[PDB]
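Below you will find one chain, with nothing else, as structure tokens; this is the form solved without the DNA, and questions on how it binds or moves follow later.
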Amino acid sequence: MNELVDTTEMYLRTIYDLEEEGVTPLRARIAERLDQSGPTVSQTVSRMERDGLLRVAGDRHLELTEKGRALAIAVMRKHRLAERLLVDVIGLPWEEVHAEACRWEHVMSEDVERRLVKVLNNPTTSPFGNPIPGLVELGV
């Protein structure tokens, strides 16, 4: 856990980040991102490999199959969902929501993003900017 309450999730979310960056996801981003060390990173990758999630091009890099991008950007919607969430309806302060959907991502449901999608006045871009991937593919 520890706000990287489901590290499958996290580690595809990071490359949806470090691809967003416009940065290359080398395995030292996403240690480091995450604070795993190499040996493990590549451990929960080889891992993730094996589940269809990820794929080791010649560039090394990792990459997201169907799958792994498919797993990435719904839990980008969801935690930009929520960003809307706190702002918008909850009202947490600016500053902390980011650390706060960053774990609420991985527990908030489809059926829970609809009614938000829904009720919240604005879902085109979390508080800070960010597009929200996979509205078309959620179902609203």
The other form holds:
4 protein chains.
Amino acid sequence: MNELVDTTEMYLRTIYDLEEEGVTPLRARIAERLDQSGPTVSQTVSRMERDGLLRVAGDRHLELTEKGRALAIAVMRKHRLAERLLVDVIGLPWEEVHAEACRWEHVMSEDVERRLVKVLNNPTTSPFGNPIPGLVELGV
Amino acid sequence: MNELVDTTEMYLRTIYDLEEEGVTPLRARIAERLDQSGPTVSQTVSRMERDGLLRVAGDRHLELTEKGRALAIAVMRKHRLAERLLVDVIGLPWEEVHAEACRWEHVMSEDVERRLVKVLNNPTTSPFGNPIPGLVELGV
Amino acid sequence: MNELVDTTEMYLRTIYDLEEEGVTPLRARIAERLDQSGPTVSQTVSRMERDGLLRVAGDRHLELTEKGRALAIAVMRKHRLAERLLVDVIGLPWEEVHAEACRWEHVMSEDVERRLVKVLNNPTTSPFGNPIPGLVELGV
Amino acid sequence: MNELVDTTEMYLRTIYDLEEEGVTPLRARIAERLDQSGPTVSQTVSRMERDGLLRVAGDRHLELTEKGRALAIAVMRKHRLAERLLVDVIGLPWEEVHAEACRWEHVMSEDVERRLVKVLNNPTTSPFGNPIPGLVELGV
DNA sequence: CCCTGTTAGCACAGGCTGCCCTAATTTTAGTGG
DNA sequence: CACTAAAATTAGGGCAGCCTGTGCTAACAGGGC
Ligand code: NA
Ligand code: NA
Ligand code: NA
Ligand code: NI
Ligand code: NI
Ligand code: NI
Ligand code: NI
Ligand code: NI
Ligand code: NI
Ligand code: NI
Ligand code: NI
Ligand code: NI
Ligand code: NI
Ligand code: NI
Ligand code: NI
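Next up, the form solved in complex with the DNA, please; the one we just looked at was the form solved without the DNA.
So here's everything in the complex, that chain up top.
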């Protein structure tokens, strides 16, 4: 198992965080946040272009395709739903929830996601306050 | 990401499965169970033997080492606690919870397992009846 | 510096050697001979195919392009002239010449090569009996 | 292969050159002579500093460590024993021997160096008049 | 415009291990003669 | 021991995903001519 559990999904989520924070998505940002060498993130981002999940712009900005944005959103959704489960229900300490959720985001089915929306009483936010994306696309 | 999520863990737990059922743990069993080829299974098993996780015994059986066994128990434990959590709290359909728990077992920290035991009122079994191993060494 | 000094050239000359011994040139033979990993050679071989030096047949034979074989021949010429110089003139023990010539083949210019045909009295074989190829196309 | 063949050795030997010439060894000086960019030589210098090959003094003068000096001496010695060999034995036109010995210095074993000392009747200088350093260390 | 160097963000070459495959054998455990 | 069925190996790959080394341009900074 990868330390990232799913590399591709971690690249998508990271680009998405960047968009949330209002910083320009560059390969250099992904290498910083995931502690990887430039040649590593360059090659991996190429594989993701090949598979149509992102594209490198002329100015080197990373952009999510439609397939890549739909997936990124899905992962962010599971992440924050996992965060809620972990805090509201399990009571895992705060400073551990993101780290745990960062693994959970790559394995939770949408089947489970929909159950969690019901069980956690229709949560629109993570336990930190960040809005949960893609609830419509989940189907809620 | 790996279909198995964690190949090493799925190999250890699969060996746990065969021991629990009373069938001789052979590489040929892992090939059937995990649907992989013989060459693949021997190759991975070699890595795991190299890494101190198991031995290929003189008569070909796969004996888990002490490190291998602790991990195998830790993974089976997370699996059945995940199964309990999914049925009792999340309400995932029976048909599906094993498939789900087969992924969660690979990402759940012991920190969450300990908090699950309480959340689930000191469970001793999976919803399918099988006993939950390693509750002692989990520290409860 | 590379341990091979020149990876591409060593690959070419290795292919040359294999052909010369009458063994089918496969990536596996190169992996053995240069002690490199399988993915390393397949990747290097890919660059060489990108660059017009060879192609991988459908049955996985490595086929030198006309340009590829010209470079291959050119390197062995340098190798074997270097062996003549090192034995006939410099007097390096017989056991250590191939090792030295193996690094030399990669830095020798054609100008030097041509001066060595003169100085060594139109040589036509290695000290070990093997013919020096590429003399005609050298400028002889 | 690298155009310099061995970047580290060419950096060491270049520093050594400047010291013979009595010019202050600065990174700008290296950039100049090997025709590379400021950034490149700045990065390459720090790897070497890292590996204990040189010190960058408070005033920015590059300074060889005893380990860096020993390697620079050995490359200069190879460079000049090669020059000798190229003029006296091989007969390569004058205008071309420095370019040829600029590559050979990086591949010649000490085993060959000691044979060249014997065969060229104990040379002390290059055909350009510059003294060959490290003949003592070589083991003569 | 030099000069000397830095910081940021790339490029390509050439290395690695993990974990997956087919085809074609070979070894081994158990069975029957 | 001799055939067989199950088990494992041998041979030669595949792709994903890590790495360091060694090169680049742009922008900038501080001082100089
Ligand atoms: Na790194
Ligand atoms: Na290797
Ligand atoms: Na340049
Ligand atoms: Ni943009
Ligand atoms: Ni988070
Ligand atoms: Ni994650
Ligand atoms: Ni046994
Ligand atoms: Ni189960
Ligand atoms: Ni699993
Ligand atoms: Ni063929
Ligand atoms: Ni040879
Ligand atoms: Ni060579
Ligand atoms: Ni100084
Ligand atoms: Ni010179
Ligand atoms: Ni040089």
